[PDB]
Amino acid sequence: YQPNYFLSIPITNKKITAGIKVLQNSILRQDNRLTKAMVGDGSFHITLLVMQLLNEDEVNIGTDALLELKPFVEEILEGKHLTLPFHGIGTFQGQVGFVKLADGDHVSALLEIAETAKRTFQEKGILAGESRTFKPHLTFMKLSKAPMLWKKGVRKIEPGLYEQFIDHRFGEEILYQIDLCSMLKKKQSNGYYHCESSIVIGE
């Protein structure tokens, strides 16, 4: 199915987003027509769960399900913060560029949170989650965002473009806020997705 909503972990560590800005700019000085492929300032996030919310009631139901999820995430973390280290760069078939989530104990915990999120939402009547493997990543560019690129010979992200950032430590994000975000609504003033509601997992 086509999702229109998602649970989002926003990137709040300014060092991470500043490092990505540098990466994006270095790519652009090499090839400036990649401008519209870059994800917008202020939009950086990890997608935790996708879903469909198709009316006002369902948007309210999503918000309820997010609230209900909070204690579950607290249970899962067992008194330790979840730290997500962002290191290196990867692509999905040369069309989507992303900062990689480093391997570690956090990946399994994150996956557990994603599956518990999927269950919590479905038990409230929300079509959520996917059948494909959860592979969290921090997107910085998508060629699909700039349709004219095909139309003029740019049909893959040149791996040389981000060569210098291949083993760049962008930084670490501690899980705290989880946002319920609209994919299709107008973005916030600061560049972030439209947010229906948020919880904090935190403190």
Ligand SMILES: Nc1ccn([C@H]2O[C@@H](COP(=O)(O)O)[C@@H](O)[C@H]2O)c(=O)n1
The other form holds:
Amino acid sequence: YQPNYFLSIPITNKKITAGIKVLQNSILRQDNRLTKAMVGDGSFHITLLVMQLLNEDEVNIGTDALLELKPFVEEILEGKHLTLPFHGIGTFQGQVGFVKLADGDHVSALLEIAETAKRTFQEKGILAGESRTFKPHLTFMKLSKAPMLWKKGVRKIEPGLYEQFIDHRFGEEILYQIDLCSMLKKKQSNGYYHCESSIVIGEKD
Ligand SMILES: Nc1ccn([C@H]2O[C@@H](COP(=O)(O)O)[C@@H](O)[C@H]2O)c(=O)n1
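I have the form solved without cytidine-5'-monophosphate already, so could you send the form deposited with cytidine-5'-monophosphate bound?
After this comes the whole thing, all chains and molecules, with the earlier chain placed first.
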């Protein structure tokens, strides 16, 4: 199925977004045709779960399911914070470029949150989740965003464009928020996706 909504972990740690800005600009000075493939400023996130929300009532149900997920996330983390380290560069088949979540204990916890997200949402009657294995990543570019490159001379991201950053520590994000976002509505003025609702992670209540 084709989702139109997702759970999003916003990656706003200044160091991370700044390092990605430098990455993106370095690529663009090498080949300015890649401009439209770059994800926009303010849009950086990790996708936690995809889903379909097809009317106003389901959207409101989506919001209720997100609220319910909150206590489940803190049980999984055992009264601790989740630290997401972002280090180096990967691609899905040269078509999507992303900063890679480093390996650690945090990876399994993240997977457990994603799986608990899917179950929480489905039990509310929401088509949520994918069959594909969950591979968290922080996208900085996707060629599908610039469909004119396919027709032009550009059918993959040249690994030479980012060679200087393949080992680069972008920084660490502590999980602080989960957003319910529209994939298709107009973005906020700050460049983030349209946000139906949000919950806080990692703070005193
Ligand atoms: N395992 C995965 C997970 C996501 N993807 C994606 O790359 C994505 C860009 O990443 P985000 O939307 O999650 O930032 C999607 O457009 C989808 O094509 C993939 O190609 N393989």
